[PDB]
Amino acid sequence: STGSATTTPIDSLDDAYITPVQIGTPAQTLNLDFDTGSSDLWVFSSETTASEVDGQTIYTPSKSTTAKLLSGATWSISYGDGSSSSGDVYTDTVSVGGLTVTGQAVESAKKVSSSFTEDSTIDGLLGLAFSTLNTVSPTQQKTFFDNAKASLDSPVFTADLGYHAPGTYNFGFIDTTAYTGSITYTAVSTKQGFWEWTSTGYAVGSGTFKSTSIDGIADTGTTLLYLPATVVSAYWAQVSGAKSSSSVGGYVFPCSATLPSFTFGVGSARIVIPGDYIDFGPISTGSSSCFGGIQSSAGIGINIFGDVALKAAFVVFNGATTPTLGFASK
């Protein structure tokens, strides 16, 4: 089997992407944030504290003839941005882009933090990291990918995120029309439960490539590119008037600037992030200070190849017995 679903930016900045997901019988379609940096499929629901729901579509398990309480199971998750959610667990039928999993754990939110309430466009998360990170207790549950994998034509999924445009998540096949040149594959460590890999270096604009190992994670659920402070400083040094602002929470730059590209290495291959991908617009409405899309990972404890980086590539998440990542230009 295969699946193919369009993923759509939630706003004009590509802060996140939402993908429609069919849950239950009859189908309830929710728009979920596919997150290769976590491993819980959780939804706004009929159980979510009413004051914490503001415009989201909810899953109502009592209206699904295939929903079953997973008795005694609870979940609770904290993300890198300090957001959180928790609740109980149903099993139900879940379909993505025509690919159906029966008996998928659908984690129903009783509680969500303010950042989830305030975002009406995201109805929950669909985790695509390794199932070792799943938070369900006392019986850990599998991700949608892990449950689908045996049925897929190939044990893979791909992320093809758009810049200020829709893109695609495919399951079980690699669309050879969706990228240019060849796919470069690189090793993955699953030790921390992530799609963790080592970039071979970087370049800023038309500058020479710096060969250096940068361990980080391929994370579709993180907006920005978080890299070591040395690398980030070298990038923003090429932008007149850019500076790190402790008040704002990172590097800002004059909205009048033209940003240089940023290149990262994948083995001997190179992915180029155009300068426009690094602009996240005014820090507050009407400001001439703009927020940068490359920020320091110092104090996060891991480098993160978030959407800024991944949207510049066609990305293969190879879930074979020895997982690997692939990157192609597009």
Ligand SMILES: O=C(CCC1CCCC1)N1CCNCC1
The other form holds:
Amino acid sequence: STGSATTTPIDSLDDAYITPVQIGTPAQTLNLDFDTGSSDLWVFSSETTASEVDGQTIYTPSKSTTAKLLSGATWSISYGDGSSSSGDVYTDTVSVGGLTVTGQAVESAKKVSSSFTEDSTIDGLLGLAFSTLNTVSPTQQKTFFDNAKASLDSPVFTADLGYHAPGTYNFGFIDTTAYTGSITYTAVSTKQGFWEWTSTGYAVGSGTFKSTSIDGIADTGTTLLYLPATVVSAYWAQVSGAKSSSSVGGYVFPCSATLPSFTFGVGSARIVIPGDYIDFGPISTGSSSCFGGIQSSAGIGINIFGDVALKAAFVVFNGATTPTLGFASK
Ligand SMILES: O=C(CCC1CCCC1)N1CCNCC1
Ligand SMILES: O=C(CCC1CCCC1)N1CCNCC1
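Would you mind generating the form solved in complex with the ligand now that we have the form deposited without the ligand?
To see the whole picture, the full complex is given below, headed by that same chain.
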């Protein structure tokens, strides 16, 4: 089997992307944030505290003839931006882009933190990291990809995110028309539960490539690119007036600037992030100070190849017995 679904940015600056997911019988379609950096499929629901729902579409398990309460199971997840969500668990039929999994754990939120209530366009998350990170207790549950894997034509999914435009998540096949050149594959460590890999270095604009190992995660659920402070300083030094602001929590730059590109290495291959992908717009409405898309990871503990980086590539998440990642230009 295979599946293919379009993923759409929530706003004009790609602050997050959403993909329609069918849950239950008859289907209830929710728009979920596909997150290769976590491993829970959780949704706003009829069980979510009413004051914490503000425009999201909810899953109502009582209206699904295939829903079954997973007795005694609870979940709780805290994310690195200070947000959180928790609740109970159903199993139900879940389909993405024509690919169907029966008995998928659907984690129904009883509580969500403000950043989730405030994101009216995101009805939940669909985790695509390794199932060892799934938070369901006392019986850990498998991700949608883990459940689908054996049925897929090939045990892979691909992320093809667009810059200020829709893109595609495919399951079970590699669309050879969706990229240019060749896909370069690189080793993955699953030891921390992530699609963790080591970039071979970077370049700023037309500058020379610096060969240096940068360990980080491929995280569709992260919007920006988080790299070591040395690398980030070298990038922003090429933008007149750019500075790290203590009030903003990171690098800002004059909105009048033209940003240089940023290149990262995948083995001997190179992925070029155009400068415009690094512009996240005014810090507040009407400001001439703009949010940078490359930020320091120093306070995170790991580097994060988020959407800023991934949207410059066609990315293969190869879930074979020994997982690997593939990157191609497009
Ligand atoms: O990219 C982030 C926060 C990333 C943080 C960096 C380190 C910890 C997490 N998003 C996506 C958009 N919704 C809010 C959360
Ligand atoms: O903060 C995290 C980790 C989430 C934890 C790991 C699994 C359980 C919770 N991020 C940033 C946002 N994208 C996903 C990765």
